[PDB]
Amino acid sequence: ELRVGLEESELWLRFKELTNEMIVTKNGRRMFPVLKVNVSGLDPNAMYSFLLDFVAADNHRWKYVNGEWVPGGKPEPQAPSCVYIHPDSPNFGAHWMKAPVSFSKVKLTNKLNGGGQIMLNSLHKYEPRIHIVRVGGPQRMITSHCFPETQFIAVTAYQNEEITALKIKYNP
């Protein structure tokens, strides 16, 4: 059976209890923390690609109002975000299982851009999700997995200073 776990969930949970925020820019901003996934149960000799997208967790716009995030009252249809392909793709299962798969190069933006960058809507809440695609073989297959621990609100600048502090405290 294919198993997908979140690496460093302890740390993500610290961000989630504060309501996590991720910066978007016109040119694209990398995430902190980085999504790192532990995978086991792949066929070591089969070929896979690792894909990442961001599900809009609700249809609302969020606002930081007097020290707390609150959702608006005018929902709109949202999804889907584009998909980011992990740069190691395509690769053998053994490659993906030898170390946590780390999405350290995805860039979050708020502008339609030349490619690579993933456009999100500022002030919307998102749930990262991966797709593990078995490629090249006879039987294509997709296994998907979301990571509720890694939910965040996309922002152009940090609103909650407790998030700002945690981001610095645990980055290098």
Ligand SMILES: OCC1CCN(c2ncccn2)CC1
Contents of the next structure:
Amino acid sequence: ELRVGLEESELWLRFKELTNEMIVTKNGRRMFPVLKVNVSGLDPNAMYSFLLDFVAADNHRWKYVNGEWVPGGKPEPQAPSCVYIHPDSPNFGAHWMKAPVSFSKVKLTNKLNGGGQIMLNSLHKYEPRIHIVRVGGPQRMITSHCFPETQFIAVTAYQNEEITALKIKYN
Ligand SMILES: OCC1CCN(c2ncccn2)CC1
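Switch from the form solved without the named molecule to the form solved in complex with the named molecule and give that structure.
Up next: the whole complex, starting with the chain shown before.
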């Protein structure tokens, strides 16, 4: 059975319990913490690409009001994010299972941009998700996994200084 797990879930949980925030810029900002996934149960000899996208966790605009995050009252449908291809893709099961798959080069933007960058809506809450795509072989297959622990709000600057401090303490 294909097992997918979160490396350093203990650090992600420190961020989650304060409500995590991720900076988004015109040119795109890398994530801290970095999403790292432990994968076991692949065919060492089979071929896979690792994809990353962000699901809008709810249909609301959020705002930092008197030191607390609160959702707007007027939901809109959230068009899903674009997919980031892990640069080691495509690659052998063995490649993927030898060390945690780390998405350190994905950059989060707020502007439609050349590409590589993933555009998110500022002040929307997002749940990171991966697709492990079996490629090259005859029987194409996809396995998807969400990481609730890694939820954040996309912000142009940090609102909760407790987040600012955790980010600096552990980078
Ligand atoms: O058929 C598989 C899909 C096609 C695109 N993919 C890709 N592209 C470039 C490098 C690594 N992977 C993976 C998803």
